[PDB]
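The data below hold one chain only, encoded as structure tokens and taken in the form deposited in one PDB entry.
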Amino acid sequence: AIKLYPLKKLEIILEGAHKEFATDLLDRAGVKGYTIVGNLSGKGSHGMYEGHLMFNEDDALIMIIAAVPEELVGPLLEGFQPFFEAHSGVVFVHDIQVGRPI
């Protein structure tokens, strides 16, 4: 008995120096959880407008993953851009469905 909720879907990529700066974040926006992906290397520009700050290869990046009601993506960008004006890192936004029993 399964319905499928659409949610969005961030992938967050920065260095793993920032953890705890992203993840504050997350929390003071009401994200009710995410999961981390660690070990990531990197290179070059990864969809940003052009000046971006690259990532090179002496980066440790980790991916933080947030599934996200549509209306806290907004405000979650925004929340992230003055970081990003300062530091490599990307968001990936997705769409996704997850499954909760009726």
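Residue numbers count along the first chain shown, from 1. Rigid core (definition): largest C-alpha set, two forms, superposition within 1.5 Å. What changes on going to the form deposited in another entry:
Just a single entry of 36, 29, 77, 48 exceeds or equals a 2 Å CA shift between these two forms, which is 48 (rigid core superposed).
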Contents of the next structure:
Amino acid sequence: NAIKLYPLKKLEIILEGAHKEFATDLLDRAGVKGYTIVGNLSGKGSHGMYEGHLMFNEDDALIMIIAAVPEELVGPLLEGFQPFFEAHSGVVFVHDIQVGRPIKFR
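Next, give the form deposited in another entry, keeping in mind that what was shown is the form deposited in one PDB entry.
Partners and other molecules have been left off, which leaves just the chain.
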């Protein structure tokens, strides 16, 4: 059979774990149907270093939030995140992806 694929976007949101609730609140408010969080990251930015812990998930961690969302949501989400990254460390990467079940993401 033909396995049909559909267009979606995937956001990768990298920021300090201390702001996880603000971020996931924003995602929920915008109507994102799910998200995945990768913790204990390291990284280098324009100003500071984040050393990933070698034993546990500490509170002052760097995290990445992965969120697959319909095209129509990208614009409003970035506007929502605009004041945040205007104020805080981190980045947003927008990807084009394909998924098998459009309804799962709306």
